[PDB]
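A.B. asks: The residues making up each chain are set out below.
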Amino acid sequence: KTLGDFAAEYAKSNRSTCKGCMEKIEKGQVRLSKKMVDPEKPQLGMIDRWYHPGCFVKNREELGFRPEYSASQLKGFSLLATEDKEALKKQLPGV
Amino acid sequence: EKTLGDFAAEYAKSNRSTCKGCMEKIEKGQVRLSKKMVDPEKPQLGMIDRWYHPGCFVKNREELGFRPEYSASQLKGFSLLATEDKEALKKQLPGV
Amino acid sequence: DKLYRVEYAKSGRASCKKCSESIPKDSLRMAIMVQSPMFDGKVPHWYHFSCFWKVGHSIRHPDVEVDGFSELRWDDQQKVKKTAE
Amino acid sequence: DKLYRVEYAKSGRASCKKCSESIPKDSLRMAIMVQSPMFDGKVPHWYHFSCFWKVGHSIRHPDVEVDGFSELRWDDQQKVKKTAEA
DNA sequence: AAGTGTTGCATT
DNA sequence: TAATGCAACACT
Ligand SMILES: [Zn+2]
Ligand SMILES: [Zn+2]
Ligand SMILES: [Zn+2]
Ligand SMILES: [Zn+2]
Numbered sequence: 108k109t110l111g112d113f114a115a116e117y118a119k120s121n122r123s124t125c126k127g128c129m130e131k132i133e134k135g136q137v138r139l140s141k142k143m144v145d146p147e148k149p150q151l152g153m154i155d156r157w158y159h160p161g162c163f164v165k166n167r168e169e170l171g172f173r174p175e176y177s178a179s180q181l182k183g184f185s186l187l188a189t190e191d192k193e194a195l196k197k198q199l200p201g202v
Numbered sequence: 107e108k109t110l111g112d113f114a115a116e117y118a119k120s121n122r123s124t125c126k127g128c129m130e131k132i133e134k135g136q137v138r139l140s141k142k143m144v145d146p147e148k149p150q151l152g153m154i155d156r157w158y159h160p161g162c163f164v165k166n167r168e169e170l171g172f173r174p175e176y177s178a179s180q181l182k183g184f185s186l187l188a189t190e191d192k193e194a195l196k197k198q199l200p201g202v
Numbered sequence: 006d007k008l009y010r011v012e013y014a015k016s017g018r019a020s021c022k023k024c025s026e027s028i029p030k031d032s033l034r035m036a037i038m039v040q041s042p043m044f045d046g047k048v049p050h051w052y053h054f055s056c057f058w059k060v061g062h063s064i065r066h067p068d069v070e071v072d073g074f075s076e077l078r079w080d081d082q083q084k085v086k087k088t089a090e
Numbered sequence: 006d007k008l009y010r011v012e013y014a015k016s017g018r019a020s021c022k023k024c025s026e027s028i029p030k031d032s033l034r035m036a037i038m039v040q041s042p043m044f045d046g047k048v049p050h051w052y053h054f055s056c057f058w059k060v061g062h063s064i065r066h067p068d069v070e071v072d073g074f075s076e077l078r079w080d081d082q083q084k085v086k087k088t089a090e091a
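Residue numbers (the UniProt record's numbering), protein chains in the order written: chain A, 108 to 202; chain B, 107 to 202; chain C, 6 to 90; chain D, 6 to 91.
Hints should not be assumed to be uniformly reliable.
For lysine-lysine, the following BS3-like pairs were computed, each having C-alpha atoms within a straight-line distance of at most 27 Å [unchecked claim]: (1) B:148 x D:30; (2) D:23 x B:148; (3) A:119 x A:141; (4) D:22 x B:148.
The hints are simulated quantities; they were obtained by calculation from the structure and are not laboratory data.
Given these sequences and hints, build the entire structure.
C.D. replies: Quick look at the structure:
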């Protein structure tokens with residue numbers, strides 16, 4: 108049961124900003140997101156807002172990432188590397 | 107094992123390529139042939155691709171150095187063509 | 006704050022809601038203003054000039070019903086007023 | 006018609022012959038003029054500013070040996086004359 | 001083989 | 001979901 112509004116992937120570029128610390132995310136770096144409406148551009152509007160894996164877990168509660176779900180339930184998680192999969196599994200445990 | 111190296115065939119990746127057999131543009135998707143030769147106006151690039159319409163090509167088969175020995179099936183990238191296109195070139199570029 | 010809007014495509018990334026095709030970077034596009042369940046505001050539904058009148062849009066007087074009408078060219082303003090008649 | 010040439014990459018499609026990496030659209034590139042068996046003429050072999058002196062090329066006076074030396078920002082031609090003896 | 005022109009990505 | 005930036009392809 109993979110979540111629909113929570114995805115994980117490698118930074119397709121270095122011009123995406125982490126909305127958890129407001130600093131750029133280097134390309135290739137692992138990044139998480141939640142499918143939510145951007146208050147500054149709601150006319151899109153339900154898009155992707157990215158965070159560093161650390162910045163994400165730091166706001167797990169406020170982002171609505173219930174303790175019920177785990178890292179393995181992330182959309183696009185299957186397309187990650189092994190050292191990256193297990194890295195998120197320890198940062199986003201289930202229950 | 108028998109495919110030519112300096113003669114290729116493919117579908118026009120764009121509509122901005124010019125046929126050097128009639129000097130008019132080749133519409134995208136259209137089948138096009140080429141010869142790996144050195145463009146005289148840009149020799150610095152060395153051997154590249156100069157494209158022709160399948161018809162414009164066969165019209166200059168001799169001058170382009172496409173000996174009667176070879177056939178259409180020996181074209182580089184020929185295997186990646188459609189059936190109706192393969193056989194279309196086979197009748198235009200027969201072997202011997 | 007009108008029901009309709011018309012302008013020259015600010016960009017070629019727009020897409021007709023009828024044929025689902027792209028719209029040129031300067032083509033004549035007409036949109037229908039619809040409510041957005043995501044932020045409580047109107048959002049443009051762009052169509053091709055021909056695709057617009059295809060999805061049924063009987064407009065009496067475009068000059069007032071359509072927003073940004075007085076910005077277009079007289080040639081098109083009448084081509085719209087005629088197509089709407 | 007000089008042995009060397011220097012300029013600001015007229016495009017970012019150039020490639021260093023040393024590290025085989027791309028060159029920025031305005032980076033300082035230096036090439037070595039070599040004979041071409043294609044059209045009877047010289048052809049540029051572009052390098053990165055750092056990659057250039059790496060292939061082992063000692064230039065005494067760049068201002069004259071290098072073509073287009075006088076045709077660039079003052080700030081650069083001094084940097085060229087500096088790293089020249091080094 | 002590197003400039004030019006164009007198309008398509010990526011983020012919002 | 002369409003308006004910027006960018007980055008990469010296609011031709012030569
Ligand atoms: Zn962050
Ligand atoms: Zn032709
Ligand atoms: Zn349409
Ligand atoms: Zn280099």
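A.B. asks: Hint by hint, note whether the structure agrees.
C.D. replies: Now for the hints, and whether the structure bears them out:
| no. | hint | result |
| --- | --- | --- |
| 1 | B:148 x D:30 | 22 Å, holds |
| 2 | D:23 x B:148 | 24 Å, holds |
| 3 | A:119 x A:141 | 16 Å, holds |
| 4 | D:22 x B:148 | 21 Å, holds |
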